[PDB]
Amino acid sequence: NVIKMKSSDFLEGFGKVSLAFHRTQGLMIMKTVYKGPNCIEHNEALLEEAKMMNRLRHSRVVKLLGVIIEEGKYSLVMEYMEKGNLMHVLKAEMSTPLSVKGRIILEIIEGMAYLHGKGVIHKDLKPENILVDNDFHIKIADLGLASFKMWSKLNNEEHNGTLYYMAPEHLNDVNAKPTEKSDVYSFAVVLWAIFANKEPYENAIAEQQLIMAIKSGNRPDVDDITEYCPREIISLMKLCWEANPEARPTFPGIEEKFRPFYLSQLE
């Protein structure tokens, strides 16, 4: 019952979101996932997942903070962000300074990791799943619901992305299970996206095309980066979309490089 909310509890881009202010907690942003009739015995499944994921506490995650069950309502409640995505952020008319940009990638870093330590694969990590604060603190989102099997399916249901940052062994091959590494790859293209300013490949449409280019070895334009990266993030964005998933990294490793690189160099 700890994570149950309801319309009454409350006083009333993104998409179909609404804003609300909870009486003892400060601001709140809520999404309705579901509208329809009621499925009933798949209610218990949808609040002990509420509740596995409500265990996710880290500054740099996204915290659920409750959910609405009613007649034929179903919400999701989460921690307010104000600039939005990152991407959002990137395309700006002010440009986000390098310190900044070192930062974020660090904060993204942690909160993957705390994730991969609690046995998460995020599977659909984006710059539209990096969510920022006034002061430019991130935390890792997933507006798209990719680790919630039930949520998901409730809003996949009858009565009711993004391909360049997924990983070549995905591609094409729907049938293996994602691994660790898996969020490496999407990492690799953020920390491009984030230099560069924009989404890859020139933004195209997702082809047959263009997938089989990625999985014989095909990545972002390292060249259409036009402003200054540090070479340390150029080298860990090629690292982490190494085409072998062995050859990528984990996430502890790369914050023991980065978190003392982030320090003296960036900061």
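Residue numbers count along the first chain shown, from 1. Whichever C-alpha set is largest while still superposing within 1.5 Å between the two forms counts as the rigid core. Compared with the form deposited in another entry:
- When two forms of a protein are overlaid on their rigid core, residues whose CA moves 2 Å or more are considered shifted, and residue 20 is one of them between these two forms.
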The other form holds:
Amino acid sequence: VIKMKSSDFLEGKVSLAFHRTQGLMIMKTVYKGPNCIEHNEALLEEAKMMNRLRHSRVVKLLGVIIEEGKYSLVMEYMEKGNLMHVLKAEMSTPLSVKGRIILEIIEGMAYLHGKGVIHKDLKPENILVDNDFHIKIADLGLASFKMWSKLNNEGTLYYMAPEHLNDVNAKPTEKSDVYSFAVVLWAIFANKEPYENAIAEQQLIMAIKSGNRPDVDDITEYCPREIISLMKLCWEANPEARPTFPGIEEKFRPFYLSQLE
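For comparison with the form deposited in one PDB entry, kindly provide the form deposited in another entry.
Partners and other molecules omitted; one chain follows.
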């Protein structure tokens, strides 16, 4: 990794970070407390793994600050924030830009799966948009890498595959993210969070485990048919019935090319 120092920056919490020589970046300070040196080795290894994720649709980890009792992650800056914010903005997104966004999400998820990363929390809060309306996948909640995830701990459920609802012990798979992505598709075309009421509880968890899905009739903007088919397929209760992201890409890229671009 690149190791940064707090003194490298102008003077969990997610903040704008001005590196005194490299400029604008994003700082997430994961932990500030009395020491835990016994953990550093595993944290720096996972950080290196973080550092190796290099893709235009994936948020890049610029540096780590590993200091006595202070753990921080430094990331590349995305101007326009997360996908939900851009969707609900006062202006609109042509269907072509939404098609391109969806393809970019597929490409990033396929890259992450090809590097052995299961995101575990794909959701609109974790899809960042740059000034040109291109996206990058992020992990604001530290869900993807286990030791940084624990250190962070030393919360929407709307995108959680039903197999993880009321069952925290089953191991998540690539199909977990495929389910999340399906709900992301719906949300992209609804410009709102699923389950119109927008309350989370045991009623809804049990409803979803039994097959309830976001209301396809709650789409009040135009949504292409093939995309509705794709999301319906991807949120199948049976994890085995859901495609892989490379399969999704072999389907969606030619459709986006022929009908959307």
